[PDB]
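A.B. asks: Each chain, written out:
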Amino acid sequence: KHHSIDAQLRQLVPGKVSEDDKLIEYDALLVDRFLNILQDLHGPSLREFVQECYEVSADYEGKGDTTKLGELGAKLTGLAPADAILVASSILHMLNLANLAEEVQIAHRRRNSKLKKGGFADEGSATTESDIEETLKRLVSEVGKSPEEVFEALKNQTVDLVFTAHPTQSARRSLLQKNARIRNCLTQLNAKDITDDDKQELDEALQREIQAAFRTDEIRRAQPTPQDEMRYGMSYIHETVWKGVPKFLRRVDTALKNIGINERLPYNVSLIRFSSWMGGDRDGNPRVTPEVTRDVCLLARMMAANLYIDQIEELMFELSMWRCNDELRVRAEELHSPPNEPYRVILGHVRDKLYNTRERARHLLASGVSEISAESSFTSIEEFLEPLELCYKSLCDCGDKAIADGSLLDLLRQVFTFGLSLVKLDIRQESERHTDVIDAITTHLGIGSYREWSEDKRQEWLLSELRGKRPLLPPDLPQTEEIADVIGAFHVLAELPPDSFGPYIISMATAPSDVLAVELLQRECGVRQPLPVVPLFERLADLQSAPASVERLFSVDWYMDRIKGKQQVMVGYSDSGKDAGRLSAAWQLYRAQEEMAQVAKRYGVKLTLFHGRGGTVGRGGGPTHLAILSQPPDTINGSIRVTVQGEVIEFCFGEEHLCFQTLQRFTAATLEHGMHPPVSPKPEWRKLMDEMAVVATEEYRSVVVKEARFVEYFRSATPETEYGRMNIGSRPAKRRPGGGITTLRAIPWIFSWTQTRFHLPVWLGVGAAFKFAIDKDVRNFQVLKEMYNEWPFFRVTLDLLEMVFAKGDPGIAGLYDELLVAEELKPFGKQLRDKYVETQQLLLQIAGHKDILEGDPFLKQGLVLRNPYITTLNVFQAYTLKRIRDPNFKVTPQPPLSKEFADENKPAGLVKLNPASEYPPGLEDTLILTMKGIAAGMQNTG
Amino acid sequence: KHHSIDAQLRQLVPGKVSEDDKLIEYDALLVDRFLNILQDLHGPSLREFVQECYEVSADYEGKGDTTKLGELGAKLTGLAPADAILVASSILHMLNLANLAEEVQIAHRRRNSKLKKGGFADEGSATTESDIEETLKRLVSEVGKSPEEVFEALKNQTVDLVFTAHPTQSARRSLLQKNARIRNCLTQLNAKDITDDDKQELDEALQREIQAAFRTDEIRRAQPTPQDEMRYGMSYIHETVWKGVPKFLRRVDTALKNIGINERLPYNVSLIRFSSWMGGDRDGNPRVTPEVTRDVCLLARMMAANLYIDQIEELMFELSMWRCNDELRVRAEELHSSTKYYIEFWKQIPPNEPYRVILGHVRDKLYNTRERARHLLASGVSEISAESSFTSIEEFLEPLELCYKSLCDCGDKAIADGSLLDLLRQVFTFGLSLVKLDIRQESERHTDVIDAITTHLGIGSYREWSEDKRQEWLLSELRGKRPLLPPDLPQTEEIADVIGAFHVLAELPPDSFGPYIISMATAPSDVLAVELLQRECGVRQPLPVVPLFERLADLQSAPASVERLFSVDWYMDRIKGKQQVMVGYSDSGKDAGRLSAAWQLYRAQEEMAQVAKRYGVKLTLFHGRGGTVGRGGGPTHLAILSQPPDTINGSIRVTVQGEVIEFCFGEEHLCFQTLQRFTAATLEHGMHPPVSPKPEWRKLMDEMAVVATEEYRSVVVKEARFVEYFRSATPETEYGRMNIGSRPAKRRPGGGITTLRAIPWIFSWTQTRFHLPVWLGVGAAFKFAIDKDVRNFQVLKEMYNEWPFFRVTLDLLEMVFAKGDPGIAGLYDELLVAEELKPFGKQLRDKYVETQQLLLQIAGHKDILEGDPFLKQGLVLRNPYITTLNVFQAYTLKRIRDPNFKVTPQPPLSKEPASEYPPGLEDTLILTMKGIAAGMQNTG
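Protein chains in written order, with the working numbering: chain A, 1 to 942; chain B, 1001 to 1940.
Rather than coming from a laboratory, the hints here were simulated on the basis of the structure. It is possible that some hints are incorrect.
Here are the simulated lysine-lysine pairs, DSS-like style, with alpha carbons at most 30 Å apart [what the hints assert, rightly or not]:
(1) B:1137 x B:1257
(2) B:1576 x B:1155
(3) B:1199 x A:155
(4) B:1116 x A:192
(5) A:199 x B:1413
(6) B:1199 x A:192
(7) B:1199 x A:145
Just chain A, same shape as in the assembly:
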């Protein structure tokens, strides 16, 4: 081929969105270079085919035929298995390149204050939100709080970001580094004062990096063990966050000086923390064994030690001073047991104790045992801090605090942020697995069946045991495999250091018994320092009952003694939305938070909420700013935890500057809310929300639960069946086979509908609710409009729906139907699509927008440039599903299209992603590729 992809992108976007907008030129730059590398490696006919694919798909977005995708499907059908994998591979790489360009454009975009319109709506986009200094200034200047009050608030604030597995692709450090080199070359190529020779060489470097990324095929490395999954998960901490935290904390120092506070934020401030679910969450995942949990704790300790060893070595090089404390001098010469460099000999000792600490962990991991003594290593953060604080005090004593406030201060901030394990591990298990244990205990003792007892009979008995001083768990207790897994986990918790763990989380929590049950089990299995117990209220019924549950827990003397004035509660968004639709789930959650908070205030407990997957707070790219500000008043008060989904971890943390802005907005929003809460809801707002909720729930359950043919439609129109059967997703897709959607799990629910571009779980029920309110009273349309403009809760909830509609396409969802759904159920499909378009139309009306995402052109531009690649994979997926499912459906087989090489074990190559494949060679790898790429393009939805 000859011509560039520039033209087909221009016709997708209505112009430049800012006058430093070079995104389309970036996209064209990288993919034009990719296609040339593709042509030189595999021949012009292959490169021409891939580019034609892209053009058909880009043109469909320009105006949605559907006729053109079917003939695209016709050509992709009948490619040989090797050519299908190569095409799918190339389109995925192009999509990755587009995302890299977008990161570069966001990172170096010149701030433009003229875009701000004032008010809370500005905090929904990165282009208009307020940095840490602007929010500090607003607090002192508009809210009227003292700089001293702001300084004190920051000192008592902690934001805790919780990392979770990616649903389709791990990221190794190697590739993150290949990503950074592609980004760096693109930035440097666009410098103003560029020489021709530098440009020629930077061009050759860019082509080189793109080809290296294309010939590693990280795409086709077959899904890793849970330990590897955790190791690759830490890559972003290694590559951006580790150096990011000290950089941002230094900007906080800058900001408070700029409001009159002339001292730095003390280095012992846990302003930001990081936690992990990888190796800890075992809810419905038996691959996560007690040994896996021990393994990830030891791995974390190794990686920490390595990062510290290198920081300390760079620090030794810098601190060549000779003037020092008396106390530092006595210790320096003690360790001489070059001497004129006292900071160097202290830090060299720390480095060796760090090597011991890492080797000890490596041995415990390999052998279960290590003769390397705990004496020889660092066993506490206190023992690690002592030498570093000695050096800080010494350098200040001799008048060089300026030096100490360089990288030594950075290192101290890193120790108080990451500790010795980088992240703390959350443990999670479902409530009935605990009931199974206790029921085995009660019947073995002949006490009865805890399963059959009332909720209050349970409470009465468990409180009798907890107040009692006599053990309970028999050592000869007959255990099943599941019961042994729960007991074994607790034994692993007992054997490991307390600072390795965060909370123990109870999935499907319903009643105070679920919490007290694990308190008992923790003690009875020998956890001498118990973990805090955290309920996860998922269903609507449980959210309704949640404030009562926690009030009865707070009414118990024993429990108040144990929790010492602090309680954590986790709330689920996608969980609750799967129960009774999103809109009702959102409103029930707001109220549950509201009521839990005053229950908490009444008993004098500090309540912390942990926001699970699917939350508006989870949109870490920018909208999280407004989403946090929109939380009910007095719900945060300096302490909050948020799930960082894998599908957005690259967008938030892949790039140095974006990592900075992600950390910044979480800390700013959280700080401001505690001193500047949102408007309290009006009565007519509540009343309308209440009535809308019943209509939305009834509409959601009428289609999802009460319609017999729904499940059969679901497994035809989506790749849900193949997602499960294939080698992706790590987990069993549902709890028991064949109980409908009830036993299906949140991730497959959202994943399967997002792949088809339909997004049913996010919006269903909302159209009925809006229509019901408009029809009930003509004045209700104006009150919903006012709610969207005046009530942050209502704005962020529909802003999410708008974004997911921007990511949807009824034509493509209909193509899945046309190909894969039985004739008798196609009318049901088009009725769901009728609900889709009716919901979108009224959502736009209430927001006052003419077309989707009017008012966020930046987000609109970023999404639309992905669709050419996503749509290509959508057509590929649909036709691959029909041939997978229908054994003698074919069309014309085509002669091979790519060129290279008689070297290669061609058959073994079609099957990299799952060599034990039970599907015909090439189909499983082609379907996984479409799934990976569609997931990469869609990122966060519901």
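Place chain B on chain A using the hints.
C.D. replies: Using the frame of chain A, we list chain B on its own:
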């Protein structure tokens, strides 16, 4: 405690040199930050004091009024000892910061082709010289060479840069990195698209970095050991050159692209190489022992291994491909049949990552390589096998080239030509020792050995034999098959040192060494003596022998000696068509003045090349200290182009002096430019020689040489009281007694300047800003020429404009005068010279003024450096700090020399080692000496 230094700079130079010139802004920025740190650490009155002396000195340069030097000295008089050391060190740091700012300005100055006037004079300044593509284009389009002729020339070219010890300064890696952080914050602060908080934080970083550099200072108690000096010199290799040459070599690839050659320069071309004298040069330096040589060779191998381990590790991160050729796959499979004590890649490496399996084996063999050397250094033995290690560079290259060709076999040559190509070019540049070591020793120390064994065997006395009897006997032994050196031989400590050195050469790998250089070489006997001693001490792979000729008489006879060696059958068989010879500039200039040395050198090169061409020998010249080629900052370009025709032809060796290493290699960009001009000038000269000298030019040079030598010798040799004046008017006496140069200053006690050495000769006179060795004799020569004929004034002007040799010869003199100051030289006289000798000093200053005025007249300049405002600006803004140290030096010298001197108690003005001199004096004098040397850099 208030006002900025900005103003006092602006009146030294009133105005920009180019529209991009922010040097004065840069100076002011860093120095104002330093003074504020100074006031915060020691109080306002000390800060104000140091700023005041800066101001007095700055105004002296503005209009040279002798009076305020004395009052400045009166002010430095009253400081308590601790306060004097503080003031001296602060002035020194301010000079360092000024040099850092100058590096940044040179590095990021936008080139401006409007200032090029065409012709060879453009290649004398960095502001107008040619980059490597420009000279490639000139060679093809103007000279008329074919691109393939150029490509072939580059493939056969090598430039060999030789690092030498700094005469007065350490350079630790820690400080080189602090320097880099200061430069980076300075550049980033001047980006215009910068947010105010970014600005605020980069400012805080800059201050933090300036302070850390200030409070790492301390002592010069014990002079540095040769091992330390060697560590000092490798720091620039670590920090800049290591990654420098792969990046430059990539630039010549693109230059070849742009003249039609669509190949990269093959990775086996050692276009650039680096050598060392530290631990190898023992000439008049008994501190440099056989075991010191063993030690520096092993240290070099250790650091080499460390740099490679890091490059291999990051290459492991990049090469994650799974496709490879059959040969690589079977090898990778093998090594999976046997990784824990590393940080990266501690887990076993999967076999589906073939390049990582091979490179992880390379890393483990490098670890063994390093540990073996560490053990040999600590204990003389190592149980770590040579088989476990890399013992040759061929063994190291095999795994690397296996990956290169596998990558290309599978269509990934583009990937291969990334970092792997960089690593290959590094192996073919640095090898396994980073640098090759030159050995040097003086010729009479070899004659002493041979006389010891001729007498012991009863043959007679080799010392008393004539040059012909020596040759006849040496070659009878060299052709013979029977050993000579008795193990029973009675040896003095000096004889044992020469013998022991050869034994160390015999027990180390050949790749570690360069040539064996003979100081004070005079006759072919000196060369053949070391060839015999090399064999008779058991050096199975002998080093090439290199004569250093030094004196005028020796340069005259050099072509005759070369021819005699070339007509000997045994020697032609040994050198196999290649010979290297070393020439000294400071050396020869000390003998008979600078101008005669320069002209004798041109003629000696000329004639030696004609001899070498006749016998079919490839002659490589090694340019010693003091050469015009030694101005690595820019003038090297022209100075190399100015060499006699067919003197280089792809092969040259240049001394990199310590005083200039920081200016040419401290900063990433300037090291690129240093490497580039050495490569471009050398290449072009071989295909585009300079104009042949006219007859009248030759004759005028002949006449002027006689007059210059006569008046140089008339003052430094034939004037009885000169020695006495010299040890009064310079700190030479204190330089030696305090062991500043680490080496004895004279070869023999007594004998005048002839037995004095070149370093102290140039150093002593550069400290006083007089520079007598560089210019003396040329004023008389110029005046003689113009006076004997009408026409000679025009002929000299034409020579300056048309003859590169003459241009570079006088451009050096002009630069040194810009660095000189008769007022300051006269205050050294007024304080320390006896009354009866001060008229003699005033006559020497008269010949300074007469020399400078006529040099300007022949150059057609009215003021000094009129044609190089860039360099003139760079130098004058150093003078305020050097001049302050000058007056501090002069007054501390009289205090030190006075036996009756004690210390008057004085109150401290600041808030806050066991030397044998009165308190403060020793460390104060060392500080002035180090600072003045840092400010003057290279002169003669």
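A.B. asks: Hint by hint, where does the structure go against what was stated? Just the numbers, ascending.
C.D. replies: Violated hints: none at all, because every hint is consistent with the structure.
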